[PDB]
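Novice: Chain by chain, the residues:
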Amino acid sequence: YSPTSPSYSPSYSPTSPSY
Amino acid sequence: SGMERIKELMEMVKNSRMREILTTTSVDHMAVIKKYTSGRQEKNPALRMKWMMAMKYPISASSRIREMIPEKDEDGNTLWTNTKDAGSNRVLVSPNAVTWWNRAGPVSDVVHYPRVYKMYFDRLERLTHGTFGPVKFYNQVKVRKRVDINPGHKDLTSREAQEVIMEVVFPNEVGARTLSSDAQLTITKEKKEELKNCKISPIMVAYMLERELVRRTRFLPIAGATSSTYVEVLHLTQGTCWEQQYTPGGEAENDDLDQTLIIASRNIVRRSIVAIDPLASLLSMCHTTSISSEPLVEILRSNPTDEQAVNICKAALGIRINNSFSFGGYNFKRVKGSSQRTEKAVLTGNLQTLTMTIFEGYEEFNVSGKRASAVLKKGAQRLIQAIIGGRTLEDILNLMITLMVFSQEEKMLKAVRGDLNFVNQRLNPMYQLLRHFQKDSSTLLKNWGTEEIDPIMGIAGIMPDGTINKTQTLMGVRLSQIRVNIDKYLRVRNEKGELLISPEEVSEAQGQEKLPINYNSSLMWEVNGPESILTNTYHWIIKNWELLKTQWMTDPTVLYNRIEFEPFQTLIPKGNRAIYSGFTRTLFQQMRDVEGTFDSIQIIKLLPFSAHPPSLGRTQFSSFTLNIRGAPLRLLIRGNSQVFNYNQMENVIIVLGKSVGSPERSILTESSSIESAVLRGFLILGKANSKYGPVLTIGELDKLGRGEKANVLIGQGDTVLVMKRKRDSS
Amino acid sequence: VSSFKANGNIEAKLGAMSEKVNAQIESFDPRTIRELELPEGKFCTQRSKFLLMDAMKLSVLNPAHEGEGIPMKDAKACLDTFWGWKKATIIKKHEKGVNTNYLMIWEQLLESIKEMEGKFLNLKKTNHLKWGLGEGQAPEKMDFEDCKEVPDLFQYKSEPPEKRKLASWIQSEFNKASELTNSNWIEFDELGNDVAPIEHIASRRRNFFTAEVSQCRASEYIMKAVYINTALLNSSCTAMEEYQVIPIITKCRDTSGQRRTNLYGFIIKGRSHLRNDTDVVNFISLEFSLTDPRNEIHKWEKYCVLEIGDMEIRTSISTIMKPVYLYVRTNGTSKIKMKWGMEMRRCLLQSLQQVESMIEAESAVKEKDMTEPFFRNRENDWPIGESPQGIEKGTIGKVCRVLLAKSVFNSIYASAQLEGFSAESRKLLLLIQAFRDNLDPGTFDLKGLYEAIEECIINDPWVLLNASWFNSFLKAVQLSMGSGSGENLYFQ
Amino acid sequence: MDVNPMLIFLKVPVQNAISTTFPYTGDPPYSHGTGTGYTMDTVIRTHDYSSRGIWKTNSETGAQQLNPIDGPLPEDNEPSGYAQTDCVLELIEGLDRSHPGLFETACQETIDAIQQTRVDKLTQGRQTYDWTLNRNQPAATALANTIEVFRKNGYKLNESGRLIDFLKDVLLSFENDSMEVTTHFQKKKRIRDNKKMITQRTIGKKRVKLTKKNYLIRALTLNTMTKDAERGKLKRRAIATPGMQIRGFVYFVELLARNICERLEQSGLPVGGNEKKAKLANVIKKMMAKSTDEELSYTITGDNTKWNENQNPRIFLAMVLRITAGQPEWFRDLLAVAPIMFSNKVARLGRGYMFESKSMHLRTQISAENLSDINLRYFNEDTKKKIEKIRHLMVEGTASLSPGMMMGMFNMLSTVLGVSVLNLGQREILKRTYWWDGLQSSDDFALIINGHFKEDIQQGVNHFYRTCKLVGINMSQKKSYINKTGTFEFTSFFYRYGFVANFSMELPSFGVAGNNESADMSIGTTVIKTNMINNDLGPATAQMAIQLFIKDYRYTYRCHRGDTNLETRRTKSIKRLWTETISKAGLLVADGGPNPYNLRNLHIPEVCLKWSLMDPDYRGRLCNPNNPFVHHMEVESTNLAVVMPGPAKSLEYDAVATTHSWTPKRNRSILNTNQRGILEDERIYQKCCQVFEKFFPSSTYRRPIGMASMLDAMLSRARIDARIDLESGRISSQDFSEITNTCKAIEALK
RNA sequence: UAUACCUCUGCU
RNA sequence: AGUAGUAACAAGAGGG
Ligand SMILES: [Zn+2]
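Protein chains in written order, with the numbering used here: chain A, 1 to 19; chain B, 1 to 730; chain C, 1 to 492; chain D, 1 to 750.
Heads up, a few of these hints could be off.
List time: in silico BS3-like cross-link candidates among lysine-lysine, alpha-carbon distance up to 30 angstroms [said to hold, decoys possible]:
id	chain 1	residue 1	chain 2	residue 2
1	B	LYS56	C	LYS125
2	B	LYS411	B	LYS370
3	B	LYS43	D	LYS649
4	B	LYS142	C	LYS366
5	D	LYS56	D	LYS286
6	B	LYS142	D	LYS56
In case anyone wonders, no lab produced these hints; they're calculated from the structure.
Please put together the full structure from these sequences, using the hints given.
Specialist: Encoded structure:
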């Protein structure tokens, strides 16, 4: 089971920024 | 040896402090000073343990730990320190000391510990040898009841169990009292032999025996089997919406098996009566039903329980009814009536209270023994009549004395002089009165009383002295020188054609089963008991509502006679079924005839009450009665109640606290000011208007003429305007 | 007393007593009743022991398990992934503090981490660090006789708390707490094997619960709380006199599978001679963030926000440069608060039993396991929020996370205010429920109940929002019902 | 989208999602500092509710005692304690009528207890106020101190061992006008050390005699403090602790009230949760069966406001005397003692206050005794006003408190007053359009009123309400409410056509209890088990509660599994155990072993569950009966822990005694104080009791009985056991002489 | 008075 | 400063 929500954050994560 | 104990006491008495305390403080006062302490009981143990487990040396231990384990282990962890624990000679210690002991400490013999901790290991033994069935999903109704939590308890009082414990572990310090019962002696022999040469603290052995032997109970919510071994596993066998079928290891006790067999048979007979072919239905259920996983038919072949419902099941299968027994060396054989049990304590002539298993109801026995026979008629503590005959006067009189004691009259109890003590197997209390009166019956016959009779040829009376009198006799006594068959409707009769057992005269007392019953039958619902019958029946109507609603409109006689309503009918009183069906069907046709007025909830609510041949009576009803676990409940005709509750907020019909399903959302927006299907030959219109006169009760409705309006106390504090409709319904 | 016999004694004095002494039933209608008043004042500020949505992680791919490896080694490993640090500059001042101390504390910490050679790091008791951790700020204890004659000797300030207004950030914080994430935050220990059929059923349902709960954002907050309070408690007890450094670490496993160690920032434990269970450990919390504090300056009253670096952040389109902020603040905690923070995993149980009782209640009616239909299908849905469009509904998985967030926030923002509010407002909810069940509810002193609720809405962000949530709920019940004698008791 | 959890209540009923309104995963409120502010509040508030009563200065104590009873009948709905003696006796008589032979049996059972009960019984109990030291001490310690000072003076009737004799000594001790007590104090000596002389703090003891007031005040004194960790309340409140004198009398009075409440369907006390629910279910069943279809039914969800403050000791004397009517006068006067002492009770005012100077940067502690002789410039406005009112009641450092009661003083007799009001509502007593029944435990009650119309209910509420006011019971108008019978609340049980679950109530009990490794594993699994049964904890969540408990247990006790890569103080020694062990599954969790528990296992103890899978040497070490970690306590205290939900009952758990059944270290703060010597007293007492058990093994199971000495009993046993060892057994002739010469030698030293 | 140390205590 | 919240903590006691 993979849980999923109808919501997004198109650009990036301010908590887990890809650096 | 006992050498080092007295040597240390001398060394303690040498100390001037310890000699003062030992001399001044008494044995009774030593219990107080033993509990003398600076140490508070910890308010927050969860916090303190988290605080202390961060410390290097949080555990206190006996100073002799310094001689046993090393100061440091192989990895350099300090195992103990020399710091004394506040208020004792114990030292502060690391958790690494406990680990070092468990891996490198001194080994000891503990193989007989499972006998000391037997109460614990018995739980695993029952689980290890347990058998799991499938999990069914349904609304599990749980009765809060006091039940045993200590399976395999050898039932004694706290003081009786204290004496047994003392004898096993502290034999030298037993007080003035001794082992009274033969239970106490046999338990002590077994405990002494099982626990011999077992190196463990006597304190712990005393503790485990106290818990094992003495019966303990708790109020728990139980669904199904209430016996100890099923109560043990409630967490495992029941949840909110499920039943995990499970048989524990080991064999069920006969007490539990006889109690549950009676309940199973009663439920089977109550179900069969309201079907079209009772004997085929009873037989169908008998072959499918099992108790504790054992099939019901082989139980009926081997179990000798004498009870009306069990005997109807035995008779339907062609099994011999346990119709007989023995008492005083005479074979009693019941030819009419039935035995109903009631244990109560009664006072004798010597003011001695004794618990007798007294029998009630009208019975008839054909008695016969050694050289004499009788025909006994008995009631509750009554010798109605006894016609006796035999080869000798002594043989007749000996049988007579046996019957007079068997009657359980207040005459013979009050005529006892002295205390009753006989043997070292002690017999039950019926034989205590018999053996007393067999030796001497001088007061019995004087206090029994005489009656006058008409001189009949062949019959003669027996006086208190022993003489044969023609026109006088002892109260009830007269001196003078089995296949079965069961019909379609479960009536048990003899070769002559007289009624032995009736389904109507089966006891209506339900009671909760000790062992699990599974009726693997389409005639029964998934779960046992009456709350299940209500919930499953109303759930079924909602689920199949679209089919049954159109079947209600078109052909209602097939709807009313649906087989799924038959279990519901067992909950209705036998006498009420017909008039309830008459009322319901009249109320339903009013809803059909008075166009516009249609209430889906009111149809669903009353629908199960239709399933019976209806009566032509004209009685009014503000409720229908339903028998649920002994107590009567009242399902109201107008609106909600405990038994039936349509909740608008949830959009759910609640039946005895449990949601039974949502009806269609159409039914939320479905109403009309005029309400048909409440009163026979009347129509509720709206609020109580005082223009049409003062309030009348429902019994007073016969006063109102055709088309006359009036105000009525309809139910639940509501006062309502009602009109009598002109043309009546089908 | 031995010779007393009753002779209409109660009825007599019942006649004598005034008719002012009565309990008048005033009928309760939720359409009539007003919203709860929320207080005025300055805005409510963040009071958690760590950053929630505003946190930022430096991290490494690392097979190490949930509590494996040395914390400061893992901290240094996470620092080494990031370059583009700068000379620190105060971009938002802590109005009541000497802000050069906050700057000097960061510089001392960063240099002391570089110089450390061991498993633990104790900092030197510098003047700036001594200030931040409250060194010598307890007044010295004297006999009363010696100090009896002092002018300004009064009793300790024993007033009610200063009231504060409901800020928007707390609702925003809770929204993020209810979201799913890309990482499994909670790792569960082993069970015995499933033998019973119900045990197999349980474990199937547990599979759904585990993924939902573990991947929820609230569970990240649980693991931060459980780590921080554990570290602070253990170090408070062992290293009482030392200013010990505690790196803010969690460890998680991605949905892709890889195990990861995360570094949020650092905590500097003050002195911690904690006798009573309420006694305070002071600590400084230096936490990474990309959030500009100037966009909600009122949120960060206690914080001094530094700007410590620049990060090149990767996206689907192109790279972006963003400034890296370090939210520094002095903060405090106790043995009782720490103990309860170490036990924050029990929040999982509060959500899941409510969720499982909802699943089981339907399963009883349907007479089958409704676990898979609830998590896989989107037929059964419950109201969990409001947008400008209207009352939005959500799946059982959403409800599980929302209820989990509630329980985590009750834990993070515990207070006497929440306790009192929750207990008294429960009565008002039951009255509304009694009306909705068509049971003709009545109050005696409704004004007094309203006052008992509103008394507890003083300053706490979490209780202010729960009060607001009640008002939003009340209005939702009013609009669904509307005017009428026979209104719409059913929702939708 | 803004998320709002409370919008769930639109679809889900409030009772069905009631867990979302219980925030019991956070730390509850705690008081910091003193409860002097609260004790003064309670004392002041209590007197305000009784203010129209009659003041009289006491002959013995000189305390100003307010008597509200038989006073002016109240003219408003505010909390009043103007109970009417005649109205109370009518209700208690009404109870006697309704249950014939109840008062007879309850008294007779209490009399049987009074004859059999020993002085030992007062060792079992929570903290008690010690008049000897003016502080709280454990029950057994405060008893021994009170017996010791009694024995030093002319009071040794308790020598017998029966409790009623100790109670006589308490009544006889009020006659003394020079009661001697040994208070401890510190001295600063100097002693040489090789070659510098260092200061040495030592503790001496000074004999002080007390005034007749001084002792009397102290015996009637009840200590006060703030109640901590209390849920559902914004503000703290004061709780009270009884003294050693009144304690023994309270035992027998509560024991009567218990026997009364045991046979009253309408009492919630003293039964457990499930039985409480069954009782509420029975009265609803009973109310519906007795009623007719025309009638209505409403249920008050009920709270009594200011319960303890408005229950009066003089009224309790009326109850106790009426309940004991026709019984021996010695028995009536014995049970009447506790109400009398409660009527003349005085309350300690706590630690006091702390002052603070900002400019000078200093703090200081003033005692509560200083609140008479002290300037009011220090205090704030509210605190000042309270001190000004308290001075009018202040008597030798303690505020007088004749009317009312306080939490922690007295238990079950107050419920019997409430139950008698419920019993009044029978149809055959009222004989009118309404009638009631219900259940009650303390301030909390559930009243079910039936009538023919809605106005009949309103008259029935007012009749109940005003009758409650006539006996000083004040129903909360703000906290109580009414609705049609179908839903209600009672001690946080929620009924909705049947009782629903309230799991969140029990959330604090899910965790490591903190007793020890053995006890906690048993406690943890049982908590999960009982909540599956009693509070609808579903199977999946219960599995996860096992999983989360093992995690908490592994971290707390540092006993992670032997194949882990973690590093703690314990990992290395557990790793050595792990590698040497053949069958790893046999290892307990505390020894780095795996979790055996799933749903079906929870009732089986861990050692029992792993026994067959253990290595014989590990099992032999684990359960070794001669191991230094276990404290061999009595049988009565074997496998017992303490838990709070009520007051604070004991929790029995199922566990095999192992090396993991250890005890954490004692608190050591007493070493710095003047009571340092109590540790040595205890050390000496335990050594004496340890040696006695070698001659009397039975003493650990059943407490021994004798007026003879410990030494003389041990001596008697030493001779007779040595006799049997030689007369028929394994011992030499020279050994018998060696033992009997030692017994002669011991007899020679008195 | 200050500054270094040293001892006891962390629910008493 | 900060914790906190109807009163406290921000070490207390001692080597005087
Ligand atoms: Zn682990």
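Novice: Hint by hint, say whether it matches the structure.
Specialist: Evaluation of the provided hints:
no.: 1; hint: B:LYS56 with C:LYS125; in the structure: holds (25 angstroms)
no.: 2; hint: B:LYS411 with B:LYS370; in the structure: holds (27 angstroms)
no.: 3; hint: B:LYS43 with D:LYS649; in the structure: holds (12 angstroms)
no.: 4; hint: B:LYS142 with C:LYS366; in the structure: holds (19 angstroms)
no.: 5; hint: D:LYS56 with D:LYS286; in the structure: violated (48 angstroms)
no.: 6; hint: B:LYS142 with D:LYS56; in the structure: violated (58 angstroms)
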